[PDB]
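Listed here are the chains, written in short residue letters.
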Amino acid sequence: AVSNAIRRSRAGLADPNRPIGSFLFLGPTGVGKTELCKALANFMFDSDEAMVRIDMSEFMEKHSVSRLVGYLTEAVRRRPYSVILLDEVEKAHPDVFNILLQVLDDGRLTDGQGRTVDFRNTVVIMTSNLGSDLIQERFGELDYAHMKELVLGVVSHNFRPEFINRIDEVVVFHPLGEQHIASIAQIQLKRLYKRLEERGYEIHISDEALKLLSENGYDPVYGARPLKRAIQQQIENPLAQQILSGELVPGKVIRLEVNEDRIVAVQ
Amino acid sequence: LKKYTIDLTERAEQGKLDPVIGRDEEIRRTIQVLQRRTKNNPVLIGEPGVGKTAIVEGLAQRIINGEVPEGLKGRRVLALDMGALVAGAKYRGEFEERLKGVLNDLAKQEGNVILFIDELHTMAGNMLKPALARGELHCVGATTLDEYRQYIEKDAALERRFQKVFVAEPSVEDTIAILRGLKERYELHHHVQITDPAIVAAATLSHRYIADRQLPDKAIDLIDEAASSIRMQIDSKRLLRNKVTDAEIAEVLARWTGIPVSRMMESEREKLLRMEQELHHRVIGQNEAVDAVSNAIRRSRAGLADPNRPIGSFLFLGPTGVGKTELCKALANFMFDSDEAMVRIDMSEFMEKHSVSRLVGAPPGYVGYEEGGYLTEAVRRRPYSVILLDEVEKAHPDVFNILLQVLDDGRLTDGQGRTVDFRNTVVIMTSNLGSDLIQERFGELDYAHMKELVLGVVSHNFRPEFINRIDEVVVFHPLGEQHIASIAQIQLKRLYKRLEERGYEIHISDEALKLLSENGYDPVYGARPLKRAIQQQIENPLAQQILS
Amino acid sequence: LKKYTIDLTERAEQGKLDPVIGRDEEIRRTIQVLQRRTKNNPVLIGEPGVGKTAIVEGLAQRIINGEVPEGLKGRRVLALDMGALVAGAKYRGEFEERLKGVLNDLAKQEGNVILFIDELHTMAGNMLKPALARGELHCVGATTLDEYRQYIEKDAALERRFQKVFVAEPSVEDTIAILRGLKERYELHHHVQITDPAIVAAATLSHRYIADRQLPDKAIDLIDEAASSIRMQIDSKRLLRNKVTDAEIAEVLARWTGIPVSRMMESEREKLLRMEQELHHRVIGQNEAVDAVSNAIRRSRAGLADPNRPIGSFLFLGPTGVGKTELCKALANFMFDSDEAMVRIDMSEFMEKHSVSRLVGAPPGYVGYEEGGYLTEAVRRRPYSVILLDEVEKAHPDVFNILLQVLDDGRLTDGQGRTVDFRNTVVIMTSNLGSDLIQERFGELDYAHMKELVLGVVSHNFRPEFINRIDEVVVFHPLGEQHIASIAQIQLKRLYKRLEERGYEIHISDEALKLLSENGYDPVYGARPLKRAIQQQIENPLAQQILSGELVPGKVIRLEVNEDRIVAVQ
Amino acid sequence: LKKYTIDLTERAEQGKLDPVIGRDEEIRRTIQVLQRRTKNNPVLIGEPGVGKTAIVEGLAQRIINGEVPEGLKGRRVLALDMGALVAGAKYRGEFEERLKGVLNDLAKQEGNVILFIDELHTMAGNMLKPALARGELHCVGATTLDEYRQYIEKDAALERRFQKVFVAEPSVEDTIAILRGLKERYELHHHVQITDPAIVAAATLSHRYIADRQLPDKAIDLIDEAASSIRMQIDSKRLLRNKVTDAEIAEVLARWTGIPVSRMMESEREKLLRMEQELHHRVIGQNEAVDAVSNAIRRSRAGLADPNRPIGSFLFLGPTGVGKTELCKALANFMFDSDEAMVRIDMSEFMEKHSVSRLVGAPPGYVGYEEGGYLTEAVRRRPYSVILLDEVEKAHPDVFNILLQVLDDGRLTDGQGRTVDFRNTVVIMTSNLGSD
Ligand SMILES: Nc1ncnc2c1ncn2[C@@H]1O[C@H](COP(=O)(O)OP(=O)(O)OP(O)(O)=S)[C@@H](O)[C@H]1O
Ligand SMILES: Nc1ncnc2c1ncn2[C@@H]1O[C@H](COP(=O)(O)OP(=O)(O)OP(O)(O)=S)[C@@H](O)[C@H]1O
Ligand SMILES: Nc1ncnc2c1ncn2[C@@H]1O[C@H](COP(=O)(O)OP(=O)(O)OP(O)(O)=S)[C@@H](O)[C@H]1O
Ligand SMILES: Nc1ncnc2c1ncn2[C@@H]1O[C@H](COP(=O)(O)OP(=O)(O)OP(O)(O)=S)[C@@H](O)[C@H]1O
Ligand SMILES: Nc1ncnc2c1ncn2[C@@H]1O[C@H](COP(=O)(O)OP(=O)(O)O)[C@@H](O)[C@H]1O
Ligand SMILES: Nc1ncnc2c1ncn2[C@@H]1O[C@H](COP(=O)(O)OP(=O)(O)O)[C@@H](O)[C@H]1O
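Residue numbers (this note's numbering), protein chains in the order written: chain A, 681 to 947; chain B, 2 to 549; chain C, 254 to 823; chain D, 685 to 1120.
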């Protein structure tokens, strides 16, 4: 139900005199909050130059609009048929929403563009992905009993309810938790520890860095850097206490042992 | 003139130059800066096609007919073969290669020769300022204002010789006089007959819609295109019409501007008959009452308004969801001929008294100068627009006069450098302070009784100095319940685009209009959640089986 | 023609071409445009390095081995005279006689000759314009992508006769398959055995660490240059290694880029296992952990941090005089053996409304355009550096808005318009925020008992998650008297070497080093008043006594205590 | 063609090349890039003066001496001159037949000629691009780090063919070893005795006082110029030096950057102890100011000054009319013999945030970028000066930060990017703050 409006606006079903939607999209900081436009190099035109993403959270002053309005004819006009993004458009005033009130529809941009801006064959998307406070994940494995519960509590803190009932696709994934941040970000567990896949080598990890601390140092702000701060003490040179520089002979298996949170990886 | 002897005055004595008329207000400068002692090189500056032929190229036709001043007597206007004998080699370097072979003879002519324009912004000019620095080189030039201002900066080998003849376009009436002595060259070439009301349609009707060619340029080729549509009409392989009309001109004018004959071939009084009928193609109605504000723009053609004021000065009071968006665009659809004449600005921005310079413009030096204002830069962009000032009453309780100079003296000055003119505007003000009470009855025979409680209550944020400068306080006619059923079907048009694409018939008999009668006409909240009386019970389960 | 232009199929007949493995689509596509009626001339365009000549070198082995379809079997692939058409043709019309002679010798080759005009943008041009128009010339071009757009792309009738064939660069999975086929030519030239560990690790490693060449060309010349270093091994004066390995491929990448992927032959046990022991020689204090700047260079010496963000992103917050900028000169001295071997961007003239172009470069066509930017050129030139951003809060917020891109993406595009890998650099941002919250709270302050209480720069000048994009916000504690009494000594050993370079020996009785540490200690100002009390209680009488001839060189000078003073005597 | 036998290996055979020392890991990389079958073309890249022309002259001295691998033994390093290939190539296609006539008889040796295009970025030279890729010419380029950027990096199909074998600027300890192996070329051209104190103290003194140059080009020059000064004093009219000593190096730097370490022993050291008498001849009163100024000038002349910071950085707080900018005019009259020899900057002229762009200059791409700013330019010109930041009482942190680096570590960079060292200057800041 995210490309459902493509079955409802690109064909045209679900009352097209509307914005797309800015209710809750809860997420973890870095790995599934803003990443879901980096993994969209696989859909229709292969446009990796669609980078228009805006934080629109605490903009109360009237002096933050004069940067979007010289590189407009360097990236989008050589290849017109593309994807065009916008996400996290959540809490602003009509000082900046005055441009963005006819960008909900109408396709063709007349602010300083003026021409045929063929957004009926390009895409116009708005989402609001406020998953920061008042409800969060922990690490990435829970059930689906926390889908939609806060209407005036998570996104619409001090703004009108006519900004949160004009959404077609009132959808979200889970606030999963508790076990899985080294597996949604398995890029620094799988890929980095089959790094020496040759020379007869294989890096096996202990259950201390797998199931022991898989839950402990939970902070709801940082996420990805304490993965590289609670397991920052075993990767290359604490591994190179007995592996590198003279002990490259095969016939032994790489392992970690029962110690405290910093281990010398002896073989 | 040993190599060639190309003569403009010989082309005048043989009649190869076109017969010229008018343009004697600006031959009385071209000559006055030509027969002088110094500064003897005129340059005709304007838009491309203003009449640079009409002044210079007829002067050779004026020499042999003797009405030129003395001193200019016995002067032959010459030219070069510049356009075919600037060159002579194979490769580059031919910008001014063989100029010296044909510039040395001009010194010997002893104050008789006058060399032609030859597009003197293309002569740049490696040899010209060597040739012109003595001043004996006696010439005429002509270049457009984009190719006169951008071209040179401080050349005292050029501006020492050139005089600023900023030539201008004639008016509406003047270019009609040009075509009377120009229809004698089109009676022989196209072999047609040209009449007197036929030549007025080229000038005065293209004056409002066509601007890409100046006034004695667009009125000449519009004539000669119909005269080139005659043998296209006679000899398309019974239909012999060499007498052209204004209908032949208004044909090819409709194929050129983009707009058809349907809003072109009428007087403004003749479309005024169906003005309300074109108003009420998209206006919810109440045509027994709301034709007062229809008469105000109808009062705007005679001219008994203030000439130091815009066209209109009103108040547009009523509820929301009624015509706050609908009535304002339809005033621009008729006179202002546009769907983007809209300057909707909500005046809830005046929470600070420093926000006078944001809709108008910051001073030079203060932040907010590189982008200008809001109620100025859009009017700088569109000086031919209605202006719509949403929710006036939330101006600062100490600060106003944001809208008084626009109405009293008619003009307004932003903080940029140029005064903004508001003379071709109509102000539309929606200061809803006491008319948000549509829930009362108040509307069975009269619609002003809703307004009578406002004039006792709106004036604490208003002033007596402001309500004088707006003539007719026009009340919004309400959105009745039966009146939704006329103007709600224009939202459905994308599915109307869809239903003819699939060959199916889902056309109704009283099954989809009962939810279209739940948009507007509200007691408590408004039409923003009333729009969701449609999507959650029809659009989900009925037409999700249409892409499958 | 055949006397002059290089016959590429007759080079392939002798096997004098490199075996083009892969690229099956771009040879099919360049055939599918070669057998057309109108507009039948390809141009293999793409980045320089990707195989635009190796397509047509591989088409000429697809032709003589019959793997071409019918209709192009037995077709000769010919090059063009690469500047031998424009060789000693002094006389007017000799180049037109040479080019018509090698055009009219294709019209009497019936259309059985494919011209491979390599580097098409060096072309002439009007003389090929008729023969390309009528399909008589079956040309094949190979311009680059930038050389095929900035070199006569339109020019009237010249933007249709050539049909573009885009040669995209291989992936890493393709390039390993590229290198398996070519390795029998580098084994047979260097007389080494390139190993299959070393070809998967010459395409993975040169994809990460080479930002100008993420090509198939760049995996080849790690394969080609590791094999030449084995020729350095066995031709210079089981034990004499005949194989290149992934330890020999990486030793070229530690010399090509200069990024230390090599530690299986280093004293990392000696040098990189000095946790603070090499940094405590010059940064006394800051003992929250071992050092937490010798943990990000310890996570990634060969590179085992996240390879999409820099080696270390540190905010060095603290009071004044505590060692924030000295840790960036003791780390730059530890990595590169010189204090000044970092990219020190002081935020001097960084507040302006455009100083951004100072450290990233002017836009194209402006006045300082051809000289690059300060930050960008210093990391293109050496990708493994330390980048000190001193007093980063004293910069404009527009500076951070281009400095977000180096902290998360690890890649900062510049004003010229090229992207620069900061993924191997160490980006340190010293700053002075929270300076009052550390002198007050001597243990009560955590890292987050501060980093939101000071907020008018953390919320307004800093972004909400700009402090999330930096890896470790190290907070510096103020120097107690146990510290300043011990950096009296490392500021005095700096002073003894300043005098042994003049031939004077300076001794200090411990009554006097007790006296500097009393006169140079106040916790608000850190440790600059200590070394200000060295240069006014020690070096100020010493310079007078050295100048006036009162202190002979070669004798010892004992800075002993006098009546409330430090005096120097013989 | 055969108008080109430019043999850099017979210049090394006849002993006409200078001995190169200790770049045995950039030669070993230059060798092993030159020994691979596709694009064996190294490009000794690096800053000017670093030693990258003199790596190919250490290839040529190893090929002719047999310290190379035995697949590189007996090669020929040939220095291709761009100027000699374009000279006289007036007619059309004479350069292309000249370059192809070089490429042809480079191929006749069958890869036994190592071509050396010194200043590679000068390669009119349009057509070597296919032959560079196949390994048909073994082409050691040696271009600088900024001239590769603005010619060869622009030809992105040509910088593929070249492997940058980056030549880093050596340390002081690597320059003393470079200089200990080069002094017999300068002891023999000047007929002098360059002693080892004059080599340890010429890669030390030039490595700290010189910042506009590299490292191996500064120390080597100083000794080249101290020896040509000694031979001048040997000839022109024991007590004379046959011997370049460490004091003769400092005399060559004293009149090249401002002030030496060692010229002081005669009468300047008399008038440095007489400084507070000399400064009180124009600034009476304020002994505590004249003593705090004169101690910093003595701390530098004794070599005792912190070599990273400036010589002295003072704040002159006082009332009006008490001599705060009379001391800075009597200081610059003392050490430069003119009152108007300060880099004096009235700080009251930059009361705005944009006024800090006149002390450092405009950024790249602005007006007045190419002119610098008159604090960093006037200190880059004369590095030993007095900087009077007079009336230093502004309300802008942006304009104050500039002095965060001038006073600590002693550097401040142009808008142009050129870092100007303030470690030899005396920054005085005379404000009016404790006045009442
Ligand atoms: N598909 C391939 N199979 C084998 N070798 C390849 C392939 N693609 C490229 N190469 C090799 O990559 C190296 C350089 O590629 P080139 O094709 O010579 O460069 P380029 O991309 O053609 O740009 P040019 O040559 O200036 S037109 C050569 O050794 C080629 O053989
Ligand atoms: N922890 C330390 N260990 C050794 N020397 C130190 C230490 N802290 C300060 N110093 C000395 O103090 C001088 C100035 O300190 P710096 O660290 O350079 O400045 P800073 O501490 O980074 O703070 P600032 O002024 O905000 S940039 C250095 O040159 C050192 O000599
Ligand atoms: N390793 C070295 N051994 C001996 N002499 C050296 C060494 N490195 C540099 N030199 C000397 O340093 C001086 C200048 O170095 P060069 O290499 O000639 O110039 P460069 O470094 O190539 O810079 P340029 O101007 O861009 S050619 C010469 O006198 C060289 O002999
Ligand atoms: N202590 C002094 N010894 C000698 N001349 C002095 C002294 N103080 C002031 N003068 C004279 O007074 C003038 C110097 O004034 P300045 O010293 O330049 O101003 P200032 O004392 O620095 O304070 P200001 O007004 O804040 S710049 C010159 O004419 C000096 O000759
Ligand atoms: N008063 C006039 N009398 C006769 N012909 C005119 C007159 N004004 C304009 N024209 C016609 O209009 C054209 C004007 O040419 P010109 O304005 O010189 O074009 P440009 O400015 O592009 O050189 C000519 O074809 C000329 O015959
Ligand atoms: N007369 C109308 N014709 C078409 N659509 C309308 C009309 N009035 C309201 N709407 C729809 O109702 C929605 C909300 O209207 P609203 O903003 O309350 O109108 P107003 O601004 O006049 O109060 C709009 O998105 C619009 O599509």
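If you're looking for bench data, these hints aren't it; they were derived computationally from the structure.
Take these hints with a grain of salt, some might be off.
Derived, one-sided and incomplete: chain D residues facing chain C with beta-carbon distance under 10 Å [what the hints assert, rightly or not]:
#: 1; residue: 709
#: 2; residue: 717
#: 3; residue: 1050
#: 4; residue: 1101
Cut-off 20 Å, straight-line C-alpha distance, at most; resulting in silico cross-link-like pairs (PhoX-like, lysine-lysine) [stated by the list, open to error]:
#: 5; chain 1: D; residue 1: 774; chain 2: C; residue 2: 343
#: 6; chain 1: B; residue 1: 184; chain 2: B; residue 2: 91
#: 7; chain 1: B; residue 1: 532; chain 2: B; residue 2: 494
#: 8; chain 1: C; residue 1: 343; chain 2: B; residue 2: 91
#: 9; chain 1: A; residue 1: 742; chain 2: B; residue 2: 155
#: 10; chain 1: B; residue 1: 17; chain 2: B; residue 2: 244
#: 11; chain 1: B; residue 1: 40; chain 2: B; residue 2: 155
#: 12; chain 1: C; residue 1: 606; chain 2: C; residue 2: 490
#: 13; chain 1: B; residue 1: 325; chain 2: B; residue 2: 354
#: 14; chain 1: C; residue 1: 490; chain 2: D; residue 2: 757
#: 15; chain 1: B; residue 1: 325; chain 2: B; residue 2: 244
#: 16; chain 1: A; residue 1: 742; chain 2: C; residue 2: 292
#: 17; chain 1: B; residue 1: 91; chain 2: C; residue 2: 490
#: 18; chain 1: C; residue 1: 269; chain 2: D; residue 2: 813
#: 19; chain 1: C; residue 1: 361; chain 2: C; residue 2: 343
#: 20; chain 1: A; residue 1: 742; chain 2: B; residue 2: 395
#: 21; chain 1: C; residue 1: 606; chain 2: D; residue 2: 1037
#: 22; chain 1: B; residue 1: 395; chain 2: B; residue 2: 452
#: 23; chain 1: C; residue 1: 269; chain 2: D; residue 2: 774
#: 24; chain 1: C; residue 1: 353; chain 2: C; residue 2: 256
For every residue, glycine included, the Cβ atom is placed at its ideal position computed from N, Cα and C.
Structure-based check of all given hints:
Residue-level restraint check for residue 709 (chain D) holds (minimum Cβ-Cβ distance to chain C is 8 Å; threshold 10 Å). Taken as an interface hint, residue 717 (chain D) checks out: its beta carbon lies about 6 Å from the nearest beta carbon of chain C, inside 10 Å. Annotation: residue 1050 (chain D) was flagged as interfacial toward chain C, and the flag holds, the nearest CB pair being 7 Å apart, inside 10 Å. At its closest, the beta carbon of residue 1101 (chain D) sits 5 Å from a beta carbon of chain C; the interface hint therefore holds under the 10 Å criterion.
Between residue 774 (chain D) and residue 343 (chain C) the alpha-carbon distance is near 9 Å, which keeps this suggested pair within the 20 Å criterion. Restraint check: the Cα-Cα separation between residue 184 (chain B) and residue 91 (chain B) comes to about 45 Å, which exceeds 20 Å; the hinted pair is violated. For a cut-off of 20 Å, the pair hint linking residue 532 (chain B) to residue 494 (chain B) stands: about 16 Å separates their Cα positions. Straight-line distance between C-alpha atoms of residue 343 (chain C) and residue 91 (chain B) comes to about 18 Å, which keeps the hinted pair within the 20 Å bound.
For the hint pairing residue 742 (chain A) with residue 155 (chain B), the CA-to-CA distance comes to about 43 Å; that exceeds 20 Å, so the pair is violated. Distance restraint check for residue 17 (chain B) and residue 244 (chain B): the Cα-Cα separation of roughly 26 Å exceeds the 20 Å cut-off, and the hinted pair is therefore not satisfied. Only pairs whose Cα atoms come within 20 Å are accepted, and residue 40 (chain B) paired with residue 155 (chain B) is accepted, the gap being roughly 15 Å. A C-alpha spacing of about 60 Å is found between residue 606 (chain C) and residue 490 (chain C), which places the hinted pair above 20 Å, so the restraint is violated.
With a C-alpha separation of about 27 Å, the suggested pair residue 325 (chain B) and residue 354 (chain B) falls outside the 20 Å cut-off, and the hint is violated. Taking the CA atoms of residue 490 (chain C) and residue 757 (chain D), the gap is about 13 Å. The hint holds against a cut of 20 Å. Restraint check for residue 325 (chain B) and residue 244 (chain B): not satisfied, since their Cα atoms lie roughly 51 Å apart, outside the 20 Å limit. Of the pairs offered as hints, the one joining residue 742 (chain A) and residue 292 (chain C) is violated, with about 56 Å between alpha carbons and a cut-off of 20 Å exceeded.
Under the criterion of a C-alpha separation no larger than 20 Å, the hint pairing residue 91 (chain B) with residue 490 (chain C) is inconsistent with the structure, at around 65 Å. The straight-line distance between the Cα atoms of residue 269 (chain C) and residue 813 (chain D) is roughly 19 Å, inside the 20 Å bound, and the hint therefore holds. Proximity of residue 361 (chain C) to residue 343 (chain C) is assessed by CA-CA distance (about 27 Å); at most 20 Å being required, the pair is judged violated. At most 20 Å may separate the alpha-carbon atoms for a hinted pair to count; residue 742 (chain A) and residue 395 (chain B) meet this at roughly 17 Å.
Of the supplied pair hints, the one linking residue 606 (chain C) and residue 1037 (chain D) holds, its CA atoms being roughly 10 Å apart against a limit of 20 Å. With a C-alpha separation of about 19 Å, the suggested pair residue 395 (chain B) and residue 452 (chain B) falls inside the 20 Å cut-off, and the hint holds. Among the hinted pairs, residue 269 (chain C) with residue 774 (chain D) is inconsistent with the structure: their alpha-carbon atoms are about 37 Å apart, more than 20 Å. Our distance criterion of 20 Å between C-alpha atoms is met by residue 353 (chain C) and residue 256 (chain C), whose separation comes to about 15 Å.
Hints 6, 9, 10, 12, 13, 15, 16, 17, 19, 23 from the list above are not met by this structure, while the remaining hints are.
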